[PDB]
Amino acid sequence: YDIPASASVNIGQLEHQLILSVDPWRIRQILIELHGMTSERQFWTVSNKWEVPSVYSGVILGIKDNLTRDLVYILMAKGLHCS
Amino acid sequence: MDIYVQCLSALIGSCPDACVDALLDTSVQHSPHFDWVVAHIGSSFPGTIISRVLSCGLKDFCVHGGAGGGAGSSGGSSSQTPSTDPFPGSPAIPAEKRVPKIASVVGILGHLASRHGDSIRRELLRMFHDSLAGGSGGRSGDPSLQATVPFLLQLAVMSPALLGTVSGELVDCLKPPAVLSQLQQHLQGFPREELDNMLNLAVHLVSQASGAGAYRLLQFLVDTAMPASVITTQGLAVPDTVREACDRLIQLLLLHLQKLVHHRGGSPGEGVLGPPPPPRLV
Numbered sequence: 499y500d501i502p503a504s505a506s507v508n509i510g511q512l513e514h515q516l517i518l519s520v521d522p523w524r525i526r527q528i529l530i531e532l533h534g535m536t537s538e539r540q541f542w543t544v545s546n547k548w549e550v551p552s553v554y555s556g557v558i559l560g561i562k563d564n565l566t567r568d569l570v571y572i573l574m575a576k577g578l579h580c581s
Numbered sequence: 190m191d192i193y194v195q196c197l198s199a200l201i202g203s204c205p206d207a208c209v210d211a212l213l214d215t216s217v218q219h220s221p222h223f224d225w226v227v228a229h230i231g232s233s234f235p236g237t238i239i240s241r242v243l244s245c246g247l248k249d250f251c252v253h254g255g256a257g258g259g260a261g262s263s264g265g266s267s268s269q270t271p272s273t274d275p276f277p278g279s280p281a282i283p284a285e286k287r288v289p290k291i292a293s294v295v296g297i298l299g300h301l302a303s304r305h306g307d308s309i310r311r312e313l314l315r316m317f318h319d320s321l322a323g324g325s326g327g328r329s330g331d332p333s334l335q336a337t338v339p340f341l342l343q344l345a346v347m348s349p350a351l352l353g354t355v356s357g358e359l360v361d362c363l364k365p366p367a368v369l370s371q372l373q374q375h376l377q378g379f380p381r382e383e384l385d386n387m388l389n390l391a392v393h394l395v396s397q398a399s400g401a402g403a404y405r406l407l408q409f410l411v412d413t414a415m416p417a418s419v420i421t422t423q424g425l426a427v428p429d430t431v432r433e434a435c436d437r438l439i440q441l442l443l444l445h446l447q448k449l450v451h452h453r454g455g456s457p458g459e460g461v462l463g464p465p466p467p468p469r470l471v
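Here the protein sequences come in this chain order: H and E.
Its first residue numbered 499, the first sequence is counted upward by one per residue in PDB author numbering.
Its first residue numbered 190, the second sequence is counted upward by one per residue in PDB author numbering.
All clues stand as given, with none of them false.
What follows is a set of in silico ranges between Cβ atoms, one per label pair, in the way DEER data are often shown:
no.: 1; chain 1: H; residue 1: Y499; chain 2: E; residue 2: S266; range: 48 to 58 Å
no.: 2; chain 1: E; residue 1: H452; chain 2: H; residue 2: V553; range: 30 to 40 Å
no.: 3; chain 1: E; residue 1: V346; chain 2: H; residue 2: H579; range: 47 to 57 Å
no.: 4; chain 1: E; residue 1: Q335; chain 2: H; residue 2: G560; range: 56 to 66 Å
no.: 5; chain 1: H; residue 1: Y499; chain 2: E; residue 2: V346; range: 29 to 39 Å
Covered by chain E, per the in silico footprint, the following chain H stretches (three or more residues, Cβ under 8 Å):
no.: 6; segment: 513-526
no.: 7; segment: 534-547
Hints are computed from structural coordinates only; laboratory data are not their basis.
Yeah, the Cβ is synthetic: ideal placement off N, Cα and C, and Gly gets one too.
The task is simple: from the sequences and hints, build the whole structure.
Dropping the structure here:
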């Protein structure tokens with residue numbers, strides 16, 4: 499339920515919606531909101547099912563900005579799963 | 190005499206020598222002749238306070254076990270109480286290896302009761318040392334996995350009776366459960382049929398935000414528990430939450446909140462556990 503009055507469960511619901519989401523724009527909005535209301539902690543490690551080839555993992559995670567690297571990581575992983 | 194016996198026992202324990210075999214036999218013979226439970230308990234305590242943290246022993250351990258058995262043969266309620274107190278006072282190295290070495294039904298029951306009392310006192314005092322002593326006692330009881338269901342049932346019955354100390358007793362039980370892995374999960378689920386829930390709700394009504402946090406932690410632990418019969422616990426929780434079968438509306442709301450919290454926690458452990466490391470078994 500929305501507005502849980504608890505940041506932890508709010509983050510849990512938000513990342514659940516992130517996993518469920520398929521629109522890149524909505525994924526971006528959810529992830530940027532998460533980054534804003536949390537610390538500078540990487541959030542691509544929120545659904546272990548997500549996979550990324552080891553060849554491209556170095557380049558994809560070799561971005562200074564946590565927000566941008568997480569966005570690109572999630573986008574490519576979700577799109578590869580869809581493919 | 191006692192000092193010499195203790196020195197011989199310590200020497201045997203440290204260096205595995207046979208020079209203390211005859212001394213141990215003579216000490217055992219003298220102790221049976223004395224028939225002094227207090228004397229035997231004191232002799233065992235001296236051999237474990239400092240003669241048990243140096244090195245493991247076999248002949249000395251057997252002599253100490255025989256002395257403890259002689260002490261416990263009689264009633265000796267006071268001796269057992271002082272003996273349990275000396276063990277908690279000197280929890281050095283093999284304190285549990287000595288206190289739990291009795292392996293007797295009555296001794297184990299008394300030790301469990303003393304450990305429960307110590308844990309309750311530690312929870313009330315909110316003292317780190319007391320909490321550590323209570324945890325050590327709980328771990329010692331767990332290694333002697335002979336019969337803990339009666340003690341757990343007695344503790345649960347005592348906790349629901351009160352309302353002021355009920356919250357503290359529940360918090361202490363939940364904390365020991367987090368380390369004991371909730372062995373009697375089925376027993377814990379079964380006892381709270383109709384009136385235990387109401388009593389616990391009344392007791393927790395006097396709790397505070399600390400009580401709410403303790404309840405959330407206990408819900409997380411329970412979600413990471415209930416291996417033997419998880420379906421029964423899940424059905425009991427759902428009937429009292431969605432079916433509105435709870436005796437109290439506050440109880441039903443708490444059940445719904447606990448279900449949501451457990452679902453969120455499982456989802457965190459389920460997905461955000463990490464892709465690199467292996468999964469955590471639920």
